[PDB]
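Asker: This is what each chain is made of:
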Amino acid sequence: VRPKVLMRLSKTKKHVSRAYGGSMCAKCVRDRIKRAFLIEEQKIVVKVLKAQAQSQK
Amino acid sequence: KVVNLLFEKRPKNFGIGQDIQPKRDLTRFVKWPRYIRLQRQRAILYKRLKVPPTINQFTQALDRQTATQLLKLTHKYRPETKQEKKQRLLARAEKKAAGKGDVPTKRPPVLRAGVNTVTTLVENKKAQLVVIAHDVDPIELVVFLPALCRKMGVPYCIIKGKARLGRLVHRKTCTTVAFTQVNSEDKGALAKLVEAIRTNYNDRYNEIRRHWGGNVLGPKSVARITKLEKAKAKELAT
Amino acid sequence: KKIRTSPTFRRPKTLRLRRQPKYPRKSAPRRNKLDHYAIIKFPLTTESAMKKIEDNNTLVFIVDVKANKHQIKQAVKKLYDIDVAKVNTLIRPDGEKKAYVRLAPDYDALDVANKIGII
Amino acid sequence: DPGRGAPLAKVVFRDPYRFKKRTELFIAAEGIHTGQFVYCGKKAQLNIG
RNA sequence: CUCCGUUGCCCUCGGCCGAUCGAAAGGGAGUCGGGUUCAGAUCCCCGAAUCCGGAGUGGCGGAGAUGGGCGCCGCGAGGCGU
RNA sequence: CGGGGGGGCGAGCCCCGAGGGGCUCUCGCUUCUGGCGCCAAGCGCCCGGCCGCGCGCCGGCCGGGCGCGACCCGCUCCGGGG
Ligand SMILES: [Mg+2]
Ligand SMILES: [Mg+2]
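Protein chains in written order, with the deposited numbering: chain g, 59 to 115; chain G, 26 to 263; chain X, 38 to 156; chain A, 51 to 99.
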């Protein structure tokens, strides 16, 4: 519905109750979860591979 | 353990592309307005260019030890303030019609402020000590005075601040100042400053008139030109 | 040592005071000229205005061209000891501003018309 | 863009001074695709884009 | 002068991007049916609506919230203390 | 930015007592994936109020301030010409 109408409508009509709800499509949310996972996990892996490369040298 | 286990560290690291950078001082990276940017690189052109000696003598000045005595000597001779001049006339209008006032009284010795008051009584050999402020805006006004001084055998000095010299006389600024006479008791300190000054200023003109005062590069440049003289040195010194 | 975090120099926010006039610029206040007797010129008695009175419970007025609907309501209320439901203005060709004034349901227009002398 | 034979590319960095997202328009080198990481600067490595 | 409002000053925060004008066919919330005049009607009347702003003191209900545990007292529904 | 100085994983060279130190370089630390990123943690040093020990720069409760974190000094905002 035309944008200035979103002022009359209620909160639940404008979103959907999730993370990033009403702004992202939940096929790209469930990716942004398990992408924000392994980015951190392989930062831990490089952290210990860097801590073993300096422990060896 | 008086430490709640939750207080951890979260230390940030501001490497390039790492966590966002914090706020440091930037006073050397600021878009300053066209009047600041002007007056700062006015004081640079005043160092980069080769300055003539007569404008340059006003850079070298008196020191904390000499200037404080001068500024103490004058505090016994400040010209009558207003409302202090009022009681010099008012007390004479009552003393005249009551107690035998001839009213010639001996005007106590005081300073003299302006340029075309001093340059008259130095051209007349009528001044013991002349004090020159170093920062007069049209330097034209005092460019000549030191040479006029030592040609008449009068001890001149260059002190810092046209403000604090214009603070003995009750004004905002004042370029010169001069003692014509001094009280007999104050004669000791006057003769002491005099010899200490003309040893540094009057008997020095053939070092001042032949002294140019600029030609220094900026340190960003000096570090570069001297870094090629550790290369040329270590080329035929090793 | 108040470090400059932004590389811009926005001018500092100086104090500025209020006007303290030694004299009033003009002596006396201009007396108001859209009054309750100069906002209502004269009521219309047209056959298509009386037909508006007895049927619609309104009154037709000619009214000074500078008048608001709020201004017209507060004057019709001030003069004829009346009370107004809503005010409808137009501007006739010839430039005189008509104003159909709808009186509240408890108030009768065929009566207050006789007081103001129109019929 | 109209009037130009080359395609442009909206490349999103993030300003390393204030929390924000600077966005540019680079004349796209042939091979650039959507989602590629474009690196910039002196320490960057030599490959397309 | 409760608490709230207002204002004065001190600290704190604030990128823009251009003073302003430019569409009765672009962008732009919300009105429809019946009736009425000699001439006006989505504009008058009747009947249904509707948006935007205000609603402070909050006008009223509803939501936030009405649990659980423990401990007693009570046949039990239950009551109290924590 | 230019000098400096810090730092140090590390490399070249010099010194070395094998602990380390000096000169040079490297760095100012982010490269597999359409992720997140600010308004300071942590530490230090103080002060106001309140409570407790009472000697209160002792300890607790409430509330603030400055320094390190985020190295120091400068003279052209940084570059390219002249
Ligand atoms: Mg919904
Ligand atoms: Mg306009």
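Just so you know, these hints were derived from the structure itself, not from any lab.
We treat Cβ as the ideally placed atom computed from N, Cα and C, and that holds for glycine.
Check each hint, because a few of them may be wrong.
Here are the computed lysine-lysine pairs in the DSBU-like style, where the Cα-Cα straight-line distance is at most 35 Å [stated by the list, open to error]:
#, chain 1, residue 1, chain 2, residue 2
1, A, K70, G, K121
2, G, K197, X, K39
3, g, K92, g, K105
If you want a taste of the chain G side facing chain X, the calculated C-beta under 10 Å gives, among others [said to hold, decoys possible]:
#, residue
4, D44
5, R49
6, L51
7, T52
8, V55
9, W57
10, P58
11, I61
12, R65
13, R67
Computed far set for chain A versus chain G, every beta-carbon distance over 10 Å [as the list claims (entries may be wrong)]:
#, residue
14, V61
15, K71
16, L75
Asker: Now tell me if each hint is right for this structure.
Answerer: For each hint, the structure was consulted:
no., hint, in the structure
1, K70/A to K121/G, "85 Å, violated"
2, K197/G to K39/X, "30 Å, holds"
3, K92/g to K105/g, "20 Å, holds"
4, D44, "18 Å, violated"
5, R49, "7 Å, holds"
6, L51, "5 Å, holds"
7, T52, "5 Å, holds"
8, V55, "5 Å, holds"
9, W57, "6 Å, holds"
10, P58, "6 Å, holds"
11, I61, "8 Å, holds"
12, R65, "13 Å, violated"
13, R67, "18 Å, violated"
14, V61, "15 Å, holds"
15, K71, "12 Å, holds"
16, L75, "21 Å, holds"
Consistency note: the structure conflicts with the earlier hints numbered 1, 4, 12, 13.
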